[PDB]
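S.K.: In case you want the letters, here they are:
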Amino acid sequence: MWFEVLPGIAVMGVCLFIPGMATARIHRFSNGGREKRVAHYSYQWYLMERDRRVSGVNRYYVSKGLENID
Amino acid sequence: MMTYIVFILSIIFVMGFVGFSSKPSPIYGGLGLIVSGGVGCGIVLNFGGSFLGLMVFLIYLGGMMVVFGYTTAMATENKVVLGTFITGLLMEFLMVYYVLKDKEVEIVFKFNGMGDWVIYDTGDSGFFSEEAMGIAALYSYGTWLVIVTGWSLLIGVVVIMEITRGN
Amino acid sequence: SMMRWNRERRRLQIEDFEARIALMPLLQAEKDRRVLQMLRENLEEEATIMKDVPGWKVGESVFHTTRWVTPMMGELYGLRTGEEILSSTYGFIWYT
Amino acid sequence: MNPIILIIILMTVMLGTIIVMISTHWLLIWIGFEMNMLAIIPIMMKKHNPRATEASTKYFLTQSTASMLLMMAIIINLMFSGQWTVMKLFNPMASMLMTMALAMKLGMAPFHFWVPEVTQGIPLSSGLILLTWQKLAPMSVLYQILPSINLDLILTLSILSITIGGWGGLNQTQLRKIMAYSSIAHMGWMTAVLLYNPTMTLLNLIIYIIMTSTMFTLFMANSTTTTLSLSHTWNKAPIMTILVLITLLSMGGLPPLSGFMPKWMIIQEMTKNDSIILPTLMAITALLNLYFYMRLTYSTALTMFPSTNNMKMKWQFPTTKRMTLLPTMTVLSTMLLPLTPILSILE
Amino acid sequence: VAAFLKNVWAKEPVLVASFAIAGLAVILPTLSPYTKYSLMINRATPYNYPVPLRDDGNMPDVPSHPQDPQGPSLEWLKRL
Amino acid sequence: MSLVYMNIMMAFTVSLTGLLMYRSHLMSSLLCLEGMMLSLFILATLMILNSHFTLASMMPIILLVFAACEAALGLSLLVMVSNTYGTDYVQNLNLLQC
Amino acid sequence: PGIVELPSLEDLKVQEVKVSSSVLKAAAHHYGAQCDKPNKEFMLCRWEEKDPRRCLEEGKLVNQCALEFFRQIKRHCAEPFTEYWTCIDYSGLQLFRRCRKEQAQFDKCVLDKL
Amino acid sequence: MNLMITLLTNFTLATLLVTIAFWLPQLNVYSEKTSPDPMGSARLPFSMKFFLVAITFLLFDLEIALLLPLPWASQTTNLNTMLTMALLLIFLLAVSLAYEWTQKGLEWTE
Amino acid sequence: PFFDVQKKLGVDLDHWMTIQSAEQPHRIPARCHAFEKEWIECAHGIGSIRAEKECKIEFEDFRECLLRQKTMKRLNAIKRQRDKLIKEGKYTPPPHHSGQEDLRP
Amino acid sequence: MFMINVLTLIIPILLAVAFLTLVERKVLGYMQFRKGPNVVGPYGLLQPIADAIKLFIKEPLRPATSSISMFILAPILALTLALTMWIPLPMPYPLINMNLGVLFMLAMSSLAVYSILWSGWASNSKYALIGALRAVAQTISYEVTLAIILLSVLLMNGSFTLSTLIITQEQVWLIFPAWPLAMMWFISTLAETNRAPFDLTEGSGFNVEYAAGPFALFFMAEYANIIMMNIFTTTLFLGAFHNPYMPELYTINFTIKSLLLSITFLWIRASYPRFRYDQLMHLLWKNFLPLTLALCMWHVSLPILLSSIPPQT
Ligand SMILES: CCCCCCCCCCCCCCCCCC(=O)OC[C@H](COP(=O)([O-])OCC[N+](C)(C)C)OC(=O)CCCCCCCCCCCCCCCCC
Ligand SMILES: CCCCCCCCCCCCCCCCCC(=O)OC[C@H](COP(=O)(O)OCCN)OC(=O)CCCCCCCCCCCCCCCCC
Ligand SMILES: CCCCCCCCCCCCCCCCCC(=O)OC[C@H](COP(=O)(O)OCCN)OC(=O)CCCCCCCCCCCCCCCCC
Ligand SMILES: CCCCCCCCCCCCCCCCCC(=O)OC[C@H](COP(=O)(O)OCCN)OC(=O)CCCCCCCCCCCCCCCCC
Ligand SMILES: CCCCCCCCCCCCCCCCCC(=O)OC[C@H](COP(=O)(O)OCCN)OC(=O)CCCCCCCCCCCCCCCCC
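Residue numbers (our numbering), protein chains in the order written: chain A, 92 to 161; chain B, 262 to 428; chain C, 167 to 262; chain D, 62 to 408; chain E, 38 to 117; chain F, 2 to 99; chain G, -15 to 98; chain H, 1434 to 1543; chain I, 175 to 279; chain J, 598 to 910.
These are calculated hints, taken from the structure and not from any lab test. Yeah, the Cβ is synthetic: ideal placement off N, Cα and C, and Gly gets one too. Just to be clear, a hint being listed does not mean it is correct.
[Said to hold, decoys possible] Which chain B residues face chain F? A few, computed with CB under 7 angstroms, are given here:
id : residue
1  : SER271
2  : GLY299
3  : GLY301
4  : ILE304
5  : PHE308
6  : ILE320
7  : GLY417
[Stated by the list, open to error] Mimicking SDA-like on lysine to any residue, the simulated pairs with C-alpha atoms at most 25 angstroms apart in a straight line are:
id : chain 1 : residue 1 : chain 2 : residue 2
8  : I       : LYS253    : G       : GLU67
9  : B       : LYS340    : F       : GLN92
10 : I       : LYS247    : B       : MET356
11 : I       : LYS244    : B       : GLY384
12 : A       : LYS155    : G       : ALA17
13 : A       : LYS155    : G       : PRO(-9)
14 : D       : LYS107    : D       : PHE141
15 : G       : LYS34     : E       : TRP46
16 : D       : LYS333    : I       : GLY221
17 : G       : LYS34     : E       : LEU42
[Said to hold, decoys possible] Ranges of calculated distance between the beta carbons of each label pair, as one might list FRET restraints:
id : chain 1 : residue 1 : chain 2 : residue 2 : range
18 : J       : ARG871    : B       : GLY344    : 50 to 56 angstroms
19 : J       : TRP770    : G       : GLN56     : 34 to 40 angstroms
20 : C       : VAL219    : E       : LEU90     : 27 to 33 angstroms
21 : J       : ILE853    : G       : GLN48     : 34 to 40 angstroms
22 : E       : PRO70     : J       : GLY800    : 35 to 41 angstroms
23 : A       : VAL148    : H       : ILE1438   : 38 to 44 angstroms
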C-alpha cells in the first residue's frame, strides 16, 4: 500500500543525511575534536591568528591554557 | 601568482571588455559582459567588499543584464571584430609585458608594478564589517540621498510608462 | 516568543562585546609590540642590505611630519615570505 | 500626456537642476544630472512621432556618455583627493575629463553634433526647455570648478564652438537649427570669459536665456518651423515680424541692442587680461551670425513675401495661445543696454 | 465608512489586508510603549572601546572602576 | 598608484572606444555604456574599500541604482526605435539631417 | 626627510601572555574587573599620545598585570577554570551561553577562594 | 580559497557531465537521415507586453536594492530617521506599483 | 550659481559624506584621518589660492597617504636590492624573514 | 580533506536528485489511486538507474543551433548554479560558512535564468523562444517577492548569516511570527522553479530542442533546485534543534522536515490545474506583492515597537 514509497524516501533521506554528517565529522576531525572556528568578523580572525601564533605549532586549534604561562 | 590574483582578475576583466567591445552582436556582447561582470565582481570580493560584489550579482547581472538579454533575444532574432580583438589584446599584453619587466608604467598617471596587496591595513574592525556599517548608514544618515534616489525611481516608473505607451 | 528571545540575545551580545572590551588593552599592547618588532627587524635588515646604494637614508620616513603613521601591509611584510604575506593579506577574505 | 504627470515631470526637471545647483557633494551633482535627463526624456516625446524618438535616442546617448565621463572625473578626484567637495579639482586629468563631460552636456564643439538634430526633432516648447533650462546646470558646475580648468582647453573649446556655430547657421532654413547653432556660438562666448570674470558668464547666460525665450515664444505663437513659414507671418500678424526682427538682430549682437551687451562686456574683460587677439577673432566670427540674422530679417520683416488665400480666414481668429511673458521678454531682450551696469547684481 | 469597507472587503480582500497591515505598521510605533527601549538598547550596545577620561578632579559622576556605583548602568535591561 | 586601477581605467577606455565607434546596433551602444558603468562601479568600490572611508560605502549602490534606471530608460528608447523601423540599426536614424 | 625612531628589540622584550583566545575569553570579565587600572592607563596613554612608541612602559605594565592575574588564578582554581575554557573552546563562535554551569562553578570557586 | 576550489569543482563536474552527455551518444553509429513549429516561417512578432514586464521587474528590483540593508540598518542609534526612511522606501515602492496599476500598466500580464 | 541653500536654511544635506574626517558610523577612522584633518585645518578659510601654495606640505603628506607612491618606490628599491644580493649569492635571509621563528604575541 | 567534503556534498546531491524522480513517480502514483514503478528493481529502487542509462545511449536529437556556445553553456550554468546553492546551507554546519549566505543564495538563484534564456535562444524555433521568454518573465517576476519576503524574514534574524538563522529559532519556529510570509514564500518558490501548478513549459519547452542527455542534465539541475529550495525553506522557517555536541540530531530533524516539504511539492503538483499565464501574473503583481510590501513595512516596524531588535552578530 502507501508504505511502498518509503524505501525510495529512505534512500533519499540517507542521500541528504550524508552531506551533513560528513561535513560535521570533517570539521570536528580536522580541528582536533572541536568545531571549526567561525570567523565572520575581523576581531574573531584576530583572535584566531593570535591562537595560531601562540600555539607554537602553526595551528589555531591547538589550545594553550594556564600550563603555558608559569 | 596567488599574490597577484586581483591583478589576474583585472587582466581577465580587460580581456572581456575587449572581447565584447569589438561588438560581434548584441547577444555575444551581452555574453561577454556577463563574464566580465562576474570577474569584476571577483575583483571587488578580493578586497573584502562582499556586499557590493553580491550587489553586482544580484542587481547588475541579476536584473539589468537579464533584462538586456531579454530585450536582445526578442528584438534581433566579422573581420573587424577579430581584428579589433587582436589589436586590443596586443595593446593589453604590451602593457602587461612592460609592467612585468619594469615594475612601473605611465599611461596617463604613474602606476606601481607590485602586487596590489601592498595597499592594505593591518588591523581589525571588531564586530562589524566596515562596509556593512557604511551601507547601514544609508537610512540613519542618508536622508537626502534616499529621498532623491527614491524620487528618481518613482519618476523612472512614470517615465517608462509614458514612453512605452506609444501614444 | 521572538520578543523575549531577541531581548535575551541582545543581552548576550552585550556580554560578548564587554568580554571583548575587557580583552582589548592586552591585545593592543601585543599589537603594538608586534608592529614595532616587525618595523625594527625590517629596519635592521634594510641597514644590512642598503650599503652598496649611494645617497640612501635607512629609515627615511617619506612623510614630512614626525607623527606616528600607521604601518602599511607592505611596510611590515615587505621582506617576508609569500606564504606569510598571503596568509596575512587575504586570510580573512578567503576564510571559508 | 496627463497634465498632472506633466507638472510632476517638469518639477522633476527643475528639481534635478536645483540639486545640481545647491549641493556640495559630487555624487549629488551627478544625481542631479541623472534626474534632469531622466525627467526631460518624455518632454521631448510629448508628440510620439519617429523624429522625437530619434531625437531622444541621440540626446540620451550623448548625455549618458557625458554622465559616465562625469562620474569617471569624480572618481579620479576621489583618487587624488580622498574627498567629495564640489570645488577645484586636485588633478589635471580629472579637470580635462570633467571639462569634456560638461562640454558634451552643454553641446559645445567638438561635441556639438547632437544639438541641431535634437533641436529639430522635438517640439518648440521642449526645444525651449532644452536650450534655456538645460544650460543652467553645467554652467553652474563650471562656475564652481574654474580654479582647475585648463585655460588652453576651455579657450580651444570656446573658439571652436563660436566658429562652428557661426559658420553653420548661414546655410539653414529651419528655425530650430538656427537657434541650435546660436546656442553653440553663445556657449562658446560664455565659456571664453569664464576664467577671466565669471560674472560676465552669468550675464551672457541671463541675456541668452531671455533672447532664446523670446524667440521660441514667438515661434510657438505663430507655429513656425522654417524660414518661409516665419516669413508668412506678416499677413497673419504684422507685429510678430517686427518682434522677430528686433530679437534676431539682438541675438547677433547689434548695437545698441541688449544682445550686444554680453559680448561687449566679454571683450571688455578679455582685453583687461592682455588678450587682444582672441576676442578679436571671436568678434570677427560673430559677424557671420549677424549676417544670417540679417538674411532672416530680409526674409521676414523688411520685405513681404506673397501669401495665399487661406490667410484671410486666419485673419478672423486672433491667437488663443498662452503667450506667457512675451511682451516682457521682448522688452528685456532689446531695450536693456542703457542698463548695462545692472550686471553687478550677479557678483 | 461601514458600507464601503464591507464592499471592498467583499470584493478585494487582499488589498484591504494590505492597507490595514500597512496602516498598523505606520501608526503603531508612535503608540507603542517599547519604542523608547529600542533606542535605549541600541545605544547601550558597546561596539567601540570606552575611551577613559583624564581625571581632572571634578567629575563625581564618572566612575573609577566598572563596579563603582556611579555611571549609567543597565538594570532596566536585566529587568525589563 | 595601484596597477589594478590602471586596468579598470583601461577597461573603461576600451568600452569608451567601443561606444565611440558604432557598428550597427543600438544595443551594442547600450552594452558599451553599461560596461562603462561597471568599470566605474569596480573602480569606485576599490577606492572606497581601500581608504576605509565608511560613509562612501553607500555610494556605489546609488551609482548602480541610478545608472541601471538610466539603462532601463535606454532600453525603452531602443524598443520605440525597434517599433519604428524593425531593427535597432543606427543607419535608420538619419531623419534629422534636414 | 626624517629618520624614524624605532625602539630597540631589547626595549620590546617582555614575557608574553601565551594563552589562547578561549582562555582569554573565559577569564575576560574577571580580567576587566581586576586588571582595570593599568589597562585603562595604557589605553588613555594610547589615545592621548597617538603613538605606540610612547606607550611601551604602560604596555609592559599591562603585560605584567595580566600575567599576575593568571598566576593568581593558577595558584587556586586551575581545575574549574580549565573545565570552563575547554567548554568555551569547544564551540565555533565561542558562545558564553553554551557554558553556563561551568561558569557558575568557576565564578563560585573564584568568589570563594579569591 | 575554499570557495574558489568548490566553484572550480562544481563547474568542472558540470563541464565534464556536459562533455560526456554530448559525446557519449556520438559513439553510436545508427544512421543518417533527411530531417526537413506552430508558426511556419514568419518573422518573430515583438511583444510589447514582455518588455513592459521586464522593465517593471527591473525598476522594482532597483527599489529592492535600496531596501536590502535594512537588517543592518535596524542596529542604528538614529532609529526614528531610519524607520521613517525605511517606511518611506516601501511606500515609494507601493506608489510605483499603484501608479503601475491605475494608469493601465499591468495589462495582459496582469 | 552655487546657491548655498544648506548654509541659509541650516540643513545638512550632503556635508556628511563629503570628507573622510567627518562623523563616521561607530567612530570608524579612515586610513588617512590625521592627514586629511591636518590639511583641512591648515587650508580652512585661507582660500584656495593661498591653500595651494601655503598648505602644500600637508597636502603632499596626505596625497602620499592616499596613494602610497613614495613608499612603494622605496619598497621596490629595497626589495630589488635584496633580490639582487640573493641572486649574486652575497646575502642570506635571517630566520625571521624565512618563517622558522615563532611570531611574537 | 576539504576536497573530500566537496565530493561528499555533491555526489549525494546528485543521488538525492536521482531518487527524487522515484519518490515523485511513486508518491504521485499512490495519490492517483495507482502504484508507481515497482517492477524495475525491488520496490522500484532501480528505476532511475535504468532510466538514466536509457537516456545516455539514446540517439542525439542533433539540432542546427543558432549558437553552439550558448547551447553548450546552458546546461553548464544550470548544473553549476544547481550545485553551488548548497555550499552555504547550514545543515548543521555549512560547507562554505559565509557572512552573507542568504544574499549569496538570492544572487546565485537570480543568475540561473540565463540558462533558461540561453537554452531558449539557442533553439531555432521561435515558439520555443517565446515559451522561454514566458518562463524567464515568470521567474524574474517571483524573484521580487523572494527578495522582499527574504528581507522581511531576515529583519527578525539580525544579519544575512544562514548559521545565525538556526540560533534565531531555538525558542520557536519562525513560521509562527511569519506564517503569511511563509506561505507566500512557499508559493513563490513553487513558482520560481517552474513547478506545477505553474509549469507552463508543458502546455513549448525551452529545453525540448536538446538531446536526451542534456535534457536529463537540465532535469537534474531543476530537481537540485527543488530539493535546495525546500531545504532553504526548512532552514528559514522550520529550523530545528541543534545540539553542538551531537550534530546528527539537527541533521536527522531537518532531513525529515525537508523530505516532508519536498513531498508537499509532489502533493501540490498532483492537486491543482495549471495557472494560465495572466492568472499567475495577476497572482504575483496584484495579490502577492501588495501583501509583501505591507508585511515588509510590518516587519520593519515590529522590532521597533516590541523593543526586539535582533543582534547583528
Ligand atoms: C513553509 C511551510 C509551508 C507553507 C504552507 C503550505 C500550505 C499552503 C499551500 C497550499 C497549496 C497552494 C497551491 C497554490 C495556490 C495558488 C492560489 C492562491 O492561493 O492564490 C492566492 C490568493 C489569491 O486570491 P484568489 O485567486 O482566490 O482570488 C482572486 C483575487 N481577488 C479576490 C483579489 C480578485 O490569495 C492571496 O493572494 C493571499 C495570500 C496569502 C495571504 C496571507 C494573509 C494573512 C492574514 C494577514 C492579516 C489579516 C487581517 C488584517 C489585519 C487585521 C488587523 C487587526
Ligand atoms: C544511499 C543508498 C544508495 C543505494 C543506491 C542503489 C539502490 C539499489 C541497490 C540494489 C538493490 C537490489 C538490486 C537487486 C538486483 C537484482 C538481483 C538479482 O538477483 O538479479 C538476478 C539477475 C539474473 O541472475 P541469473 O543468475 O541470471 O538468474 C537465474 C537465477 N535462477 O542478475 C543480474 O541481473 C546480474 C546482477 C545485477 C546486480 C545489480 C545490483 C544492484 C547494483 C546497483 C548499483 C549501486 C549499488 C549500491 C550502492 C550503494 C551502497 C554501497
Ligand atoms: C544666474 C542665473 C540664475 C538663474 C536665473 C533664472 C533662470 C530662469 C530660466 C527660465 C527658463 C524657462 C524655460 C521654460 C520653463 C518651463 C516652462 C515651459 O516650457 O512650459 C511649456 C508649456 C507646455 O504647455 P503644453 O500644454 O504642453 O502646450 C504645448 C502645446 N500644446 O507651456 C507653454 O508652452 C507656454 C508657452 C509660453 C511659455 C513661456 C515661459 C517663459 C518663462 C521664462 C521667462 C524668461 C526667463 C526668466 C527671466 C530671466 C531669468 C534669467
Ligand atoms: C496609509 C497606510 C499605508 C498605505 C500605503 C501602503 C500600502 C501597502 C500595500 C500596497 C498596495 C499597492 C497597490 C495599491 C493600489 C490601489 C488602487 C487599486 O488597485 O484600485 C483598484 C482596485 C479595484 O481592483 P480591480 O481593478 O477591480 O481588480 C481586478 C481584479 N478583481 O480598488 C480596490 O481594490 C480598492 C482599494 C482601496 C480601498 C481599500 C480600503 C482599505 C481600508 C482599510 C482600513 C483603513 C486603513 C488605512 C489606510 C487606507 C488607505 C486608503
Ligand atoms: C558561462 C560562464 C561560466 C558560468 C558558470 C560558472 C560561473 C557561475 C557560477 C559561479 C558563480 C560564482 C560566484 C562567486 C562569488 C559569490 C560571492 C562570494 O564570494 O560570497 C562568499 C563570501 C562572502 O561572504 P563573507 O563571509 O562576507 O566573506 C568571507 C569573510 N568572512 O566571499 C568570500 O568568502 C570570498 C572568497 C574569495 C573570492 C571568490 C571569488 C570567486 C571568483 C570570481 C568569480 C568567478 C566566476 C566569474 C563568472 C561568473 C558568471 C559569469
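S.K.: Give a verdict on every hint.
M.R.: Right, here's what the structure says about each hint:
no.	hint	in the structure
1	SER271	holds, 4 angstroms
2	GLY299	violated, 11 angstroms
3	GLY301	holds, 5 angstroms
4	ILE304	holds, 6 angstroms
5	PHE308	holds, 5 angstroms
6	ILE320	holds, 6 angstroms
7	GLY417	holds, 4 angstroms
8	I/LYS253 with G/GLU67	violated, 49 angstroms
9	B/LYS340 with F/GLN92	holds, 20 angstroms
10	I/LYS247 with B/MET356	holds, 19 angstroms
11	I/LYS244 with B/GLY384	holds, 22 angstroms
12	A/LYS155 with G/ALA17	holds, 23 angstroms
13	A/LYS155 with G/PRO(-9)	violated, 30 angstroms
14	D/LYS107 with D/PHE141	violated, 43 angstroms
15	G/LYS34 with E/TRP46	violated, 66 angstroms
16	D/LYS333 with I/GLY221	holds, 24 angstroms
17	G/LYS34 with E/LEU42	violated, 67 angstroms
18	J/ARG871 with B/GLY344: 50 to 56 angstroms	holds, 51 angstroms
19	J/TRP770 with G/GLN56: 34 to 40 angstroms	violated, 47 angstroms
20	C/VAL219 with E/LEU90: 27 to 33 angstroms	violated, 49 angstroms
21	J/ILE853 with G/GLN48: 34 to 40 angstroms	violated, 56 angstroms
22	E/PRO70 with J/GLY800: 35 to 41 angstroms	violated, 57 angstroms
23	A/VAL148 with H/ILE1438: 38 to 44 angstroms	violated, 24 angstroms
Checked against the numbered hints given earlier, the structure breaks hints 2, 8, 13, 14, 15, 17, 19, 20, 21, 22 and 23 and satisfies all the rest.
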